[PDB]
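Visitor: Chain by chain, the residues:
There are 2 protein chains.
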Amino acid sequence: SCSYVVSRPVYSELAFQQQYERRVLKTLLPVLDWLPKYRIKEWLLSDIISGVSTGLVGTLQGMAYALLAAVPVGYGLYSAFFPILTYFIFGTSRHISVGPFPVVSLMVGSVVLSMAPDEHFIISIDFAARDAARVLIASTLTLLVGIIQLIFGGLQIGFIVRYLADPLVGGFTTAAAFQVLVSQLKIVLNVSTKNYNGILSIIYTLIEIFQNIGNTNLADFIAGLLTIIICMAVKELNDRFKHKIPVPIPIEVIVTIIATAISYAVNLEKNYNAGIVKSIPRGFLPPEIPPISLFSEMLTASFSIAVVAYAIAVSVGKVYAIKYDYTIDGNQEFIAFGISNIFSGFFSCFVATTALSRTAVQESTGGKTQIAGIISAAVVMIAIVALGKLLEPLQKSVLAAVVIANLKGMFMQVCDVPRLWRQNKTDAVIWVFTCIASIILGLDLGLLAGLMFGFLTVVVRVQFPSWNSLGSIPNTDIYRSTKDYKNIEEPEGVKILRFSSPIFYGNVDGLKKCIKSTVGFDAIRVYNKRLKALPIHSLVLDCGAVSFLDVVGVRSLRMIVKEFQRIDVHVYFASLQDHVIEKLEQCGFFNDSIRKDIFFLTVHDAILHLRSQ
Amino acid sequence: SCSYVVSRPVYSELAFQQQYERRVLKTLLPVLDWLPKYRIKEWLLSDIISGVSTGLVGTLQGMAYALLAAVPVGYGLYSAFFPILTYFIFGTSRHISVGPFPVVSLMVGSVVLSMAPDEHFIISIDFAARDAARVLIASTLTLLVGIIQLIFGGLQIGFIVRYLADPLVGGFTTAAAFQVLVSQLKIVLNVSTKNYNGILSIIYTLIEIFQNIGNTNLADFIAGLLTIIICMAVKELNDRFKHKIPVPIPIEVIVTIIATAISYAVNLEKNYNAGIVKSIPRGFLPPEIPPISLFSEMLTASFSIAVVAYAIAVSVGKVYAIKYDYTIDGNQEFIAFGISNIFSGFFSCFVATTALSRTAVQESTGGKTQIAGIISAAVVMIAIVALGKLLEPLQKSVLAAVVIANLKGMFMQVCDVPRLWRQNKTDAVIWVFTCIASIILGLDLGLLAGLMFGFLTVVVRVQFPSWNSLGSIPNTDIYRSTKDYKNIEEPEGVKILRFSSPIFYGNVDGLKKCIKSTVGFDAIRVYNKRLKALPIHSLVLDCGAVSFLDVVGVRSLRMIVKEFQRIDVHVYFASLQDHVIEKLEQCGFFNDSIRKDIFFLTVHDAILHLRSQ
Ligand SMILES: CCCCCCCCCCC(CCCCCCCCCC)(CO[C@@H]1O[C@H](CO)[C@@H](O[C@H]2O[C@H](CO)[C@@H](O)[C@H](O)[C@H]2O)[C@H](O)[C@H]1O)CO[C@@H]1O[C@H](CO)[C@@H](O[C@H]2O[C@H](CO)[C@@H](O)[C@H](O)[C@H]2O)[C@H](O)[C@H]1O
Ligand SMILES: CCCCCCCCCCC(CCCCCCCCCC)(CO[C@@H]1O[C@H](CO)[C@@H](O[C@H]2O[C@H](CO)[C@@H](O)[C@H](O)[C@H]2O)[C@H](O)[C@H]1O)CO[C@@H]1O[C@H](CO)[C@@H](O[C@H]2O[C@H](CO)[C@@H](O)[C@H](O)[C@H]2O)[C@H](O)[C@H]1O
Ligand SMILES: CCCCCCCCCCO[C@@H]1O[C@H](CO)[C@@H](O[C@H]2O[C@H](CO)[C@@H](O)[C@H](O)[C@H]2O)[C@H](O)[C@H]1O
Ligand SMILES: CCCCCCCCCCO[C@@H]1O[C@H](CO)[C@@H](O[C@H]2O[C@H](CO)[C@@H](O)[C@H](O)[C@H]2O)[C@H](O)[C@H]1O
Ligand SMILES: CC(C)CCC[C@@H](C)[C@H]1CC[C@H]2[C@@H]3CC=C4C[C@@H](O)CC[C@]4(C)[C@H]3CC[C@]12C
Ligand SMILES: CC(C)CCC[C@@H](C)[C@H]1CC[C@H]2[C@@H]3CC=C4C[C@@H](O)CC[C@]4(C)[C@H]3CC[C@]12C
Ligand SMILES: CC(C)CCC[C@@H](C)[C@H]1CC[C@H]2[C@@H]3CC=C4C[C@@H](O)CC[C@]4(C)[C@H]3CC[C@]12C
Ligand SMILES: CC(C)CCC[C@@H](C)[C@H]1CC[C@H]2[C@@H]3CC=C4C[C@@H](O)CC[C@]4(C)[C@H]3CC[C@]12C
Ligand SMILES: CC(C)CCC[C@@H](C)[C@H]1CC[C@H]2[C@@H]3CC=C4C[C@@H](O)CC[C@]4(C)[C@H]3CC[C@]12C
Ligand SMILES: CC(C)CCC[C@@H](C)[C@H]1CC[C@H]2[C@@H]3CC=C4C[C@@H](O)CC[C@]4(C)[C@H]3CC[C@]12C
Ligand SMILES: CC(C)CCC[C@@H](C)[C@H]1CC[C@H]2[C@@H]3CC=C4C[C@@H](O)CC[C@]4(C)[C@H]3CC[C@]12C
Ligand SMILES: CC(C)CCC[C@@H](C)[C@H]1CC[C@H]2[C@@H]3CC=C4C[C@@H](O)CC[C@]4(C)[C@H]3CC[C@]12C
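Respectively, the protein sequence lines represent chains C and D. Take the first sequence: its letters are residues 17 to 39, 64 to 164, 176 to 585, 654 to 732, numbered as in the entry's author numbering. Take the second sequence: its letters are residues 17 to 39, 64 to 164, 176 to 585, 654 to 732, numbered as in the entry's author numbering.
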């Protein structure tokens, strides 16, 4: 077939260089960008239907997620209402539903419980004062998270979600599922448990729950178990019998309606001492300014919460945008969600993001634009203004059971952990480390630990690279490892070393050790022995994979060259890139008789030049 | 001259692979390793002289460094005595002098002051109880540091000192010099200042010192100023007039002797209210067991102290070992210094390492083995037993002035900062960040921040690499950037992209963006447009610099190949290494019609194969 025939002079860097010579409206994203281009002729009906469905789902979702935060039920409605209104303007995505999320709500509740415990705040029980303090703390945290997100949007650093690798995301997801399950199991059993803040809090909480298991309430446990069983059975049936009924069945809404109707009919509050919400405010509360003096105690938590919420939002937005053929601006997502969280924090709400289960419901029912979001917000308004009194008999175990039933998809990643281990060990290590760290520590500290562990893994992989001793395939220009191909001939009196990594301080010491191993000696010892008295004459360094270089690497290379030239051993460099040669030039490498004459384009010019002498 | 002539078939990976087929006594280092091989015939006299000189220096150094720790003078003698005895056995280096170091002592003193302040401990002044508590805390910290160092020696992780890059070491050195100068200036002026623990403590200390500057003592200030001037003048004269008097002049010992003799003669204590040591114990105190219950409050400090002390020790040891033609074991250095610090902590001592000035004094006077360490320990013992009473009149301002005079070499690195900026910007950024973060956060937190920042810099440099679009030099096999050489011809209907970095998640998104920019489009949009309806036909990826690869990178490459094959655009890979191909194989890449047939050895086989079709 085709043949490889090339005729050219043996080119050094100097010869090659002397023959061939070198050398305002999008930031505040308007609705005016797509409202004037609306298609009300056919989009309006689908938008209305989707908005009604997703509002019905989101009212219950907000009420349930208000329990994960240490906030009385009723502010979850505000958290499901206000962010949608303030995101309708600045939002890029046209398919996501804005509101609470079980993991972000759990993080917020952990912070709120830490800063306002029952025993520390009250020594009288003063439920009203405690609830007011918890609401204030949640609002302050939401405002801080919004400020951080807006600042990140201003700096246009939207690539940080790249650092959230899939293995650490999976580990954090599994740990968050465990945390949410423990909290909601505490709620379901109607068992009191003093809050634990700090390290290994989940283990202490589980121990105390299992100690007090003898004080469980029968009615709440039965309601939670039945809700979980019904919801999971319906989900499984819909998933298996999926060709018909394309849209998911809103089983949670039906279960909640039936449960609250039965509770009203039987009056479970007094006859069985059941735990009901017992209080939902009527109407809208006036806005209040949160106390910013707490900002110094909520930095390591607000940073993690902002990162996680933005990551979930952009993940869902991208998943639907690639499906519907459009693009989302990450910096604009920062800006929109930061404004949303600031607005929410000024109106007694906890942190807002998107949810995959709610977005799927909104999209599958015919979502076109964010008009469905406005319809959902209107439904939440109707629930707040009028439906407040009819949700009083509802039990909290029903909402906790809904959350527990939904936790399955998050719990199902230990299944693909082993495949990840089989493919790449580093990714499995990252997964396990992130999960364990988020279990031993909190979620906010676990996320930071996982991120920095990923950074360490990258640094370590760069630091300990693959290196080889090379020899030529006969009658070709192909050089491979001598100990791998069994037909490789080492050239006469010259060793070729390939160090497949950029050279920096860790790589500096690694490279010195590798050179000493490959050439069979070191220049310092032989030079000292020769001075006291008073096999290889050339070494080629294949530098085709040296991506970058620093001052320490340049100094190391200079010292290597000088030490080998002391004992009359020549050092040549091959396949160095142009920018690395520029870095060598600007770091003072080409001083004291180097002159760029020991550089060749590939590892065949060096060997041919060696044969000349 | 020589010519590049090669004739061979156009080799793909499959064709090449089917044609050429692949495939107990040192740990407890004895003195018995070198004592039986002693050369007492001529080494003994030089060892004795060097030991006497370095013991005279080290007694004063220990007394001076005992002030940097919040410990009464007298335990510095123990810290200069015990570690030498316990290092004489396990030590590898034969030229270093073991004892206190100003930066490590300052770190210990900061911890001790934080855990035992004057106002918190005493509300009576109870100097004896405060001193006892400070000594206990220092001993506990020393024991913890020794435990950590011994554990690190057991794990044989001695390469961690690689992570201490030269720029961050220089920045930390300058910050530590500033901290030591502030503390010793507080001591010299005889001005009381309430201790500050936390963030920006140095600024508050300086502000209060300048506020109380009106309460300075004249005698102490004059003594300190004269000592500083005399010491620095003698050092500069010796450095300039260096051809004669090869050994350094022990000006500090002479100054201290003269100052204490004058203080005894004039009795400066009562006539001028001067600040003298006033108390030096007679003899040796019995050992005591430190309270380990404090270990939970000294982790982030003990880790940094251990790292810094070991780094200084190995640095000095290597500097002298390369000079005298021998090698030092890093893990054995961990083991020796961990045992030394445990032994010191059990005997009321603070953390021990080596000092460059003391080591230079010991070596320049004919140091041969670690017998000069034993002689120095004997001199310190003589000073403890007998010379305790004659050092009572000595002022503390003299010792603080000695430390301040020695701080010049550490202060003299801001001069080399700008050259580092001119050569490599990342190294200068690391230097400045490490300097700044150790003044705001302190030394122990500053070191960790600098290490983290170095890891982030490495990750960022890997994440944003150099990428190019390649074309061939005519009548050769040389491919260079099209926009650089002005004689580069792009081939017919094919683009060649070089991405010079290993491919991971950050590099995954970077690579997708780079491919989209280079080919002028993306496969998803054109495929969707073509489906709605119902310039380049090949893309070569030069992967000669892809050092490693993970699961995310493999998935990204698979998706890129599939998306481009959807629109009848062929994707070829060239210059991939064998281990990266193995990683692709074990990550499931070669499934669903890939078959390793689109891989070529260099970027000339791919273009020749393209010309065939
Ligand atoms: C972008 C990249 C990431 C950025 C991350 C930013 C993190 C910022 C941390 C800020 C920080 C350290 C500052 C120095 C950090 C040095 C790090 C060096 C790292 C080197 C590699 C501030 O440190 C000081 O803390 C004081 C309290 O101790 C606080 O309050 C004092 O003054 C007040 C008046 O000002 C006065 O009202 C108050 O009374 C005073 O006490 C001070 O204002 C504050 O300055 C630590 O504070 C953070 O908040 C909490 C504090 O308790 C703490 O919460 C945890 O509690 C649970 C257990 O209970 C735990 O289980 C949870 O997890 C978590 O809820 C956090 O953990 C901690 O982090
Ligand atoms: C190998 C690689 C490196 C390893 C580094 C290891 C660091 C270990 C830190 C340990 C740690 C966090 C644990 C979780 C860390 C999570 C990190 C996540 C990072 C994600 C990227 C323990 O946290 C808890 O702290 C409690 C005290 O708050 C302590 O005491 C409690 O229980 C006791 C009875 O057990 C009881 O007697 C006691 O009364 C209780 O209070 C607990 O025992 C302890 O568990 C923090 O403690 C460290 O020590 C100090 C504490 O005060 C603190 O000192 C600083 O003070 C100055 C200002 O005053 C400051 O200016 C200085 O700098 C520094 O002197 C340190 O700063 C802090 O770090
Ligand atoms: C990019 C790098 C980011 C690094 C972020 C580092 C964040 C850590 C700040 C200080 O560490 C925390 O300080 C808290 C101070 O309150 C401790 O809580 C403590 O609170 C109580 C009071 O101190 C103790 O009794 C409890 O044991 C303990 O939970 C907590 O354990 C500890 O982790
Ligand atoms: C490998 C990763 C290593 C990560 C290491 C992280 C170290 C941080 C742990 C907790 O952080 C510290 O906690 C102290 C708890 O005491 C704070 O001191 C505080 O002590 C007083 C009491 O809380 C406050 O009033 C002061 O403002 C403040 O200095 C201190 O500021 C804060 O940094
Ligand atoms: C759609 C589903 C979730 C509706 C749930 C309705 C709830 C309120 C109903 C369903 C099953 C009921 C329980 C069934 C059996 C008993 C045992 C009896 O000795 C006391 C009442 C008690 C404990 C009931 C309490 C109320 C209960 C929990
Ligand atoms: C709240 C408590 C119970 C949470 C406990 C979480 C820890 C213990 C769990 C969560 C996920 C688990 C991992 C999931 C999958 C595998 C692969 C298989 O080889 C078994 C071990 C291993 C590696 C598991 C080890 C234990 C693990 C890390
Ligand atoms: C190692 C290979 C062969 C496992 C193959 C089956 C995998 C998918 C399944 C089978 C049994 C599973 C384990 C069963 C029980 C537990 C305990 C709990 O903490 C959850 C994780 C963990 C540890 C599971 C991890 C995933 C697991 C190991
Ligand atoms: C990759 C890097 C960033 C990971 C760093 C994780 C470090 C800082 C964490 C992980 C687990 C943590 C430990 C978990 C439990 C305890 C027990 C407690 O009584 C004192 C703190 C101590 C001893 C913690 C110290 C800090 C610690 C060691
Ligand atoms: C105790 C307090 C006052 C110490 C303050 C130390 C800080 C402010 C000092 C220490 C070293 C200094 C740097 C040393 C050298 C240079 C290069 C030149 O271009 C001036 C700026 C720059 C980059 C300096 C900036 C300020 C700096 C970082
Ligand atoms: C920028 C180039 C031209 C500077 C060349 C001279 C260098 C070596 C010298 C000249 C003047 C010096 C600066 C003078 C004053 C200060 C303030 C103090 O905090 C020490 C560092 C710093 C910031 C010095 C750093 C080093 C410095 C910048
Ligand atoms: C030949 C070139 C390198 C000379 C540069 C000028 C040198 C001699 C001068 C210029 C500015 C000076 C610095 C100015 C300020 C300070 C802060 C002080 O607390 C310690 C000394 C220190 C750090 C000085 C050291 C010496 C210095 C760097
Ligand atoms: C390279 C990376 C990991 C370095 C990270 C350093 C971070 C954690 C440090 C550097 C400087 C620090 C800040 C310095 C000063 C203050 C003021 C104080 O009242 C609250 C804490 C706060 C706001 C600190 C928060 C943590 C901080 C931002």
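None of these hints come from the bench; they were simulated from the model. Any given hint could be a false lead.
Any copy will do: because identical chains look the same in the list, a pair fits if it lies in one copy or spans two.
To be verified - Okay, derived cross-link-like pairs now, DSSO-like style, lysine-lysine, Cα gap no bigger than 27 Å in a straight line:
1) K476 to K329
2) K66 to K564
3) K374 to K459
4) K440 to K567
5) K580 to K81
Visitor: Against this structure, judge whether each hint is valid.
Guide: Here is how each hint holds up against the structure:
1. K476 to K329: So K476 and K329 fail the 27 Å test inside a copy (52 Å) and across (63 Å) alike.
2. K66 to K564: The answer is between: 21 Å across copies meets 27 Å, while 54 Å in one copy does not.
3. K374 to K459: Intra 25 Å, inter 65 Å, cutoff 27 Å: intra-copy only.
4. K440 to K567: Intra 81 Å, inter 56 Å, cutoff 27 Å: neither.
5. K580 to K81: between (93 Å within a copy, 25 Å between copies)
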